[PDB]
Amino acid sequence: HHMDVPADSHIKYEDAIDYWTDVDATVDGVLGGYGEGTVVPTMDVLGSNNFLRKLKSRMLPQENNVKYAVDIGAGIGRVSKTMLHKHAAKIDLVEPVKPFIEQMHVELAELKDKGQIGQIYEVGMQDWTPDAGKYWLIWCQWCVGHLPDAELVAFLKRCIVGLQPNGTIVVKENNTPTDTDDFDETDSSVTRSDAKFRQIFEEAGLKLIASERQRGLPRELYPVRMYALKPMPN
């Protein structure tokens, strides 16, 4: 109704950046205290690796391409350092927060020695456009809540342009347990329901080819879901 203010109306990019710029540039920092002294990094990587294994038959490169990925909302590069580098031929990263970018050069040093890091785009995803046709995989994890719904639809539409033939978008994010989105004043982001995600994916012209629950996380955390998305055919 005219009286309701949507959860995503409260998002302010500047407030998110102010929060994250003061977060420690460590696994503990980006995971909000659920670092290597907890099960979370290990479970997260296992779940993502299992998801990509399930998806292997859906991700064969076409038209002479190689497995160029991008790590969206990358933080200090944890997902690339501990997971994506095994799957990908080359990795770009998108991250707006400068202390995180600076630490990424340390975290990713061994990958840089191989030339496996292409470009680090120091930008919010809302202002980023992939090069057309570049990516085999666009991996978005624990970051799309920083964009309101309309902006997230727009971002996903730009992602489609950035996909190789048979490229894939993965979104690995929290879900609220009910059909009402939650705004977090801490990081100026929304947590969405599964139903909201499915609406957004449809509006963006994406088909859901897999939806899997991340297992093994502490019960006090929101559920986490992995979504694999392909553009709808013309």
The other form holds:
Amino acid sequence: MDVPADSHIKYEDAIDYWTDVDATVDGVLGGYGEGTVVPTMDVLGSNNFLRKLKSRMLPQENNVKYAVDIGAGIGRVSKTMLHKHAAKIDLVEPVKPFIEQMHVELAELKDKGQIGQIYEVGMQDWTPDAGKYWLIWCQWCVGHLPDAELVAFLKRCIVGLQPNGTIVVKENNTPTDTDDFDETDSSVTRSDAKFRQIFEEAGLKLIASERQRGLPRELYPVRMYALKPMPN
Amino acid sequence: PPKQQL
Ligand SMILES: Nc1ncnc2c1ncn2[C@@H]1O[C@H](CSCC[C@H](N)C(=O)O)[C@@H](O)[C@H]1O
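For comparison with the form solved without the partner chain, kindly provide the form deposited with the partner chain bound.
Below is the entire complex, every chain and molecule, led by the chain shown above.
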């Protein structure tokens, strides 16, 4: 058998790649920007997913809906989707020109004080404050961590959840039970089976798994996973 | 990001 796909990940190669990508919707969506159906479909599907999960996301212990946008790029998901649902938003993104553009993209939200902290770091080195988040939203980025590191990240995320907080992963899937390494951006595309293994090892239970509909046929499937900590 | 399936 081949060495594991995730053994080829090199963080420095990923950051070198993304640092030279245009700080635009086309850049962060790998060419599938506003001239395509993808941004529109993405927001529709994410909004529908969160709407159907409302009964699973009632805040507890006097909390409000503080979210974090992980691997946020230029802030597209916060600008176009998360701000409707969340009381306040933090963002985690390692790439410097993306952070710089994020300040422009999120200007209107900043005027309302809706942006808390922007953490210029890779998710592997980031820790959420304990108990802070109603929602930890991880979209189109977790392939940059190998499996073990992703388990570790998700374990830190659990401690970062409010009571009844939720983790969402919105990510590509391979069509078979074999993961694919992409040398261009130094990341892996995982199977659904691999994601389920990782979620179990992190101590999470799936409460929803939904396919993002309406995307161009040539793309890998995209899935939305909603996750809760396993009860003690 | 979204990506073309191999
Ligand atoms: N180790 C890492 N931790 C967090 N984000 C990372 C990362 N390595 C790369 N990324 C980021 O992952 C993003 C993938 S593109 C997706 C951007 C955004 N989530 C959106 O949907 O619009 C890029 O912004 C890239 O810089």
